[PDB]
Amino acid sequence: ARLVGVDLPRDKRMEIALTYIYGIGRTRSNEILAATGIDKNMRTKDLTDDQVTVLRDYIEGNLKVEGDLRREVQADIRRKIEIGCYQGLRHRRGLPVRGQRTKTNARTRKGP
Amino acid sequence: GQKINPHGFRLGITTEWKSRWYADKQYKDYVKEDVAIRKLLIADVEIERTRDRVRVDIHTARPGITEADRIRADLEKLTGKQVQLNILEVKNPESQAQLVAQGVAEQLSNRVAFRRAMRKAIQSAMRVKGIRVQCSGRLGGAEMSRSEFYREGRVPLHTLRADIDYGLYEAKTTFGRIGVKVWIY
Amino acid sequence: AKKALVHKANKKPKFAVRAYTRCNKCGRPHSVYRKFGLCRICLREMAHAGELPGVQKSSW
Amino acid sequence: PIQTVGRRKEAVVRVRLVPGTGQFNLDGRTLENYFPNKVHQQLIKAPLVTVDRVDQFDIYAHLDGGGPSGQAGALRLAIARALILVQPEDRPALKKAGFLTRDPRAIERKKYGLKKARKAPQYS
Amino acid sequence: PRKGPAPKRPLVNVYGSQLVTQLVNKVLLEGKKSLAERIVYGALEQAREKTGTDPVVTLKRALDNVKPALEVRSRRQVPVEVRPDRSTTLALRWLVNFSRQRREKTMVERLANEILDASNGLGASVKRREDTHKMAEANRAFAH
Amino acid sequence: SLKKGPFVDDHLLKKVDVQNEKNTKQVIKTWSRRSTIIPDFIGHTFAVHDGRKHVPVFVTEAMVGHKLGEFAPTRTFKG
Amino acid sequence: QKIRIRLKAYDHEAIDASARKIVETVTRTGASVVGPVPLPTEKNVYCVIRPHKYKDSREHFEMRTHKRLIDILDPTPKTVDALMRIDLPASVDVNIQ
RNA sequence: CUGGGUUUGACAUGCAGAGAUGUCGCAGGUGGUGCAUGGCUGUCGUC
RNA sequence: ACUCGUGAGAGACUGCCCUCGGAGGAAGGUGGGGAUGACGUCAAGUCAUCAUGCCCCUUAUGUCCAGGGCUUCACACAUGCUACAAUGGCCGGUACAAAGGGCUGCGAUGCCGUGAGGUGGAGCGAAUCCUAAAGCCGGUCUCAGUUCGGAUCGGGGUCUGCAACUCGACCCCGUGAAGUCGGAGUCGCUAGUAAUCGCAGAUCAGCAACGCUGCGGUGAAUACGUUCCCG
Ligand SMILES: [Mg+2]
Ligand SMILES: [Mg+2]
Ligand SMILES: [Mg+2]
Ligand SMILES: [Mg+2]
Ligand SMILES: [Mg+2]
Ligand SMILES: [Mg+2]
Ligand SMILES: [Mg+2]
Ligand SMILES: [Mg+2]
Ligand SMILES: [Mg+2]
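Those protein sequence lines, which keep their order, are chains A, B, C, D, E, F and G.
So the first sequence is numbered by full-length UniProt numbering: it starts at 2 and just counts up by one.
Counted the way full-length UniProt numbering counts, the second sequence spans residues 2 to 42, 51 to 74, 81 to 142, 146 to 203.
So the third sequence is numbered by full-length UniProt numbering: it starts at 2 and just counts up by one.
So the fourth sequence is numbered by full-length UniProt numbering: it starts at 25 and just counts up by one.
Counted the way full-length UniProt numbering counts, the fifth sequence spans residues 2 to 14, 17 to 79, 86 to 153.
So the sixth sequence is numbered by full-length UniProt numbering: it starts at 4 and just counts up by one.
Counted the way full-length UniProt numbering counts, the seventh sequence spans residues 4 to 53, 55 to 101.
What the hints contain is simulated information worked out from the structure, not anything from laboratory work.
Hints are supplied without guarantee of correctness; some may be wrong.
Pairs of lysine to any residue residues, derived as SDA-like cross-links and limited to a Cα-Cα distance of at most 25 Å, are as follows [to be verified]:
| hint | chain 1 | residue 1 | chain 2 | residue 2 |
| --- | --- | --- | --- | --- |
| 1 | D | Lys134 | G | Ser61 |
| 2 | F | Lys70 | A | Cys86 |
| 3 | B | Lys33 | C | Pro30 |
| 4 | D | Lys62 | E | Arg138 |
| 5 | C | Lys36 | B | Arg64 |
| 6 | E | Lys36 | D | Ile131 |
| 7 | D | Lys69 | D | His86 |
| 8 | C | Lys13 | F | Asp13 |
Label-pair restraints from in silico Cβ distances [stated by the list, open to error]:
| hint | chain 1 | residue 1 | chain 2 | residue 2 | range |
| --- | --- | --- | --- | --- | --- |
| 9 | G | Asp60 | E | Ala7 | 27 to 37 Å |
| 10 | A | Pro97 | F | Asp12 | 24 to 34 Å |
| 11 | B | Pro174 | E | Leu32 | 28 to 38 Å |
| 12 | B | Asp61 | F | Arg78 | 53 to 63 Å |
| 13 | G | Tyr49 | F | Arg78 | 36 to 46 Å |
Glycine included, every Cβ here is placed at the ideal spot set by N, Cα and C.
Generate the whole structure from the sequences, applying the supplied hints.
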């Protein structure tokens, strides 16, 4: 019930339970629970404690669960910002990065 | 907007294409070829393209204006096909639509006054069921433009069965250009 | 659209992309119909005057 | 034999009658399986049930064009014509019931300046 | 409508009841009849099974407890005698709208429970007819 | 994203092949914006055109995957 | 041993002149052919704005290519000589097959 | 707009270089004036 | 034979009892929609489609070329998609369109790949060849900013193109931002119409396309009335 990363979803199906982990969404959770493995309609309460640790060992090594992953996205931005690429000139003034028009409605980046 | 072209409006019923040739793969080229001819080269001009052959038929009031056989050779370079040229006459150049406009085009270009020059065309051509004629814009070197018309008999534009012969020409004065228009039913 | 930029379109483009298709009579860049190879405006001068065989108004 | 048209909304049907027990088939399929729908069930059988022949006749039918409500409504007019070719006793019943009318309902043309047929855009 | 009355739509009746096909269209949104009808057949045949134990008259007796005889209008408030057929339009259309407002999970259940409250006269649909009659009959002065 | 292969424009890379003899020296004028930075380049200057003037651009191993045009911003907003 | 004369042209009345002209030439050698058979008409459509800044106005411009299929059943050396030679359609495509 | 070239002007009467271009094998002008104009549309109004 | 494609035709005019209703007829009394814009208004738009009077540039305001730029951004208005959830989302089954487009083209079976694709070229200048979704029966989630929402961002890729940094969109994986039917005020629509759901085309190597112009699927509500505003 540890979830490896830390947090435990408050029950429900297992297919979606793994999406609350930062490394994993829907397709990689389908890949885990197929192989590891245990059915989609199984719930998080009705797993035994050793059945949770079979999920731990398989995905712990393979992907970034949270902090390792969390730092890598920021650390790639930190170099790219000062990397001098135009792509991270746009990071330093809080504007959109991927070649959008900033005349009307860039409010995801800029904010209210 | 006001008044669609009555030549184009009755294409299905009674007008018949000036160009009467068919193609598919060569269709872009034959339009580009005809644009060169009608700029280069008068009542009316028809064409009946066939592979390696063109009619290039002409209607003119004065047919005589030897020189045509040189103009064949001028067209021969642009087309690159066997030009079988015909120049034709037309009965009543008085009654023909573009030749009335070309008649008034000579008058206004030579500084004949427009109310004098118009009245000739409507009176003579009626001497057809009805005629409307209209000269438009910059008349006798006035500062502001105007358009006035004359008419005699009846000219129903909305009737599809009625064959209206339409014509246009831009007669070019010292001050600008006057656009003449001639409807003959 | 000028005289000089018309003869650009006639010339060999150097790269196969740059052939951009002016109108034949109109000499206008925008809205030149393929097949017709004519300016959109020019199409209405020709089609009303009975010049393009097989082309006529309209609806429906 | 009796062979009969029916149309609706550009949905071109065929029908043919043979006397027999109460069923009918649609390109090698049952009525219930082609139309799983209670509204379309009664609407096909309306000229049969109003006149009260019902179990007299087979129908074999071909279905082209349109959709489920189009082809279901098209069978009604196909049958309504076809039951007259049995005997024209049924015609004065079927006319007053109101099945011999095809719909001059058809989809209007989308016009320039307008997004659907009649609907203009926003203003001022 | 200025020049004269346009003709009213003809309306086909499994149950064979005018009111149910009228209810189907008031339920209907997005122009799809089948999902409109299966919610009606969900709610109607739920009220058949559990409580009322006949299908049509549970709705029809409940529909009397929605129907207003009188309505308010502003000349610029004059109360007006409502037509026999216009009373039925307000009867269905209110009954559907408060089913959309209700908190219960699905419209099979929401539209079912609304018809049961209209049979009693404790519902939000039956609440409105009193408010229209209250606003109508408190005036009367303005009617001339 | 040039699927298979990187792109450098051929007139650019010839000037870099001259620097091999010198092992790279000075800053070379560059009017092709469009070329990638192939790791032959690393530790070299060039003066890259802004559509106005030439901006000096030193190269490092961080700038390999990025294109040569990314380090000269063409329009200016201070306000 | 079957020849197919495919026609394409704009004017539907002008093909009815030619479709008769195919019959008279082949029915000299006598009988045979299907006759003409209608075949569906194509329609290219082109919407154009009526010089600048007025989008809502519009025209439409059809072009219709009417087509006939014919199908000659019997090839004969007397037929094929007369078929091409004396037959001349004016401003109408003919493709033998 | 910053440049690099050209001059009766592109139109009629392989090695170098960013590349055009080198060096060997009267025309023209999206240029001012739609309150100089023609032509072609919008609109009041399918009234 | 029945369709269906065209090609000829007939059939609706209150013609039989102002208008209420009759009998057939597939149809009613402007059957449905388009095409059509009188005499004129606004010195209405365009010298930038093309023409053109007058004036100006003639050693450049003409004329090639690479480079940028037309895609900026505190903001403001307008037009439109996607949404805010169970008349749902995901996912397995099973099925009904008619208009179209195709020679530097459209591209099938087949094997490779998670997929955009790669491979290879059958057939084809065409009623032959290539090109529905919503629905219905089941399953699963339980009124949560969620299995709603798909923006933004980080890694990687594919494809045309000499070249996708300025600025192409495509789909795999991580991230899951605002948003809980919207203030004053405002438009669209009288029946196969509103509302929703797809498909094709023109321009086009490629595509900023949710735009534009056409086609068909499902398919309502209400028109008591003329005082009330608008013309
Ligand atoms: Mg529609
Ligand atoms: Mg000028
Ligand atoms: Mg003006
Ligand atoms: Mg009229
Ligand atoms: Mg003005
Ligand atoms: Mg722009
Ligand atoms: Mg600013
Ligand atoms: Mg499915
Ligand atoms: Mg495209």
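Hints and how they fare:
{"no.": "1", "hint": "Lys134/D with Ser61/G", "verdict": "holds, 14 Å"}
{"no.": "2", "hint": "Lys70/F with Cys86/A", "verdict": "holds, 9 Å"}
{"no.": "3", "hint": "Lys33/B with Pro30/C", "verdict": "holds, 16 Å"}
{"no.": "4", "hint": "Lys62/D with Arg138/E", "verdict": "violated, 34 Å"}
{"no.": "5", "hint": "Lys36/C with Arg64/B", "verdict": "holds, 23 Å"}
{"no.": "6", "hint": "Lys36/E with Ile131/D", "verdict": "holds, 19 Å"}
{"no.": "7", "hint": "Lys69/D with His86/D", "verdict": "holds, 17 Å"}
{"no.": "8", "hint": "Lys13/C with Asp13/F", "verdict": "holds, 23 Å"}
{"no.": "9", "hint": "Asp60/G with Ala7/E: 27 to 37 Å", "verdict": "holds, 30 Å"}
{"no.": "10", "hint": "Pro97/A with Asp12/F: 24 to 34 Å", "verdict": "holds, 29 Å"}
{"no.": "11", "hint": "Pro174/B with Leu32/E: 28 to 38 Å", "verdict": "violated, 52 Å"}
{"no.": "12", "hint": "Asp61/B with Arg78/F: 53 to 63 Å", "verdict": "holds, 58 Å"}
{"no.": "13", "hint": "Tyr49/G with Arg78/F: 36 to 46 Å", "verdict": "holds, 40 Å"}
Hint compliance for this structure: hints 4, 11 are not met, and every other hint is.
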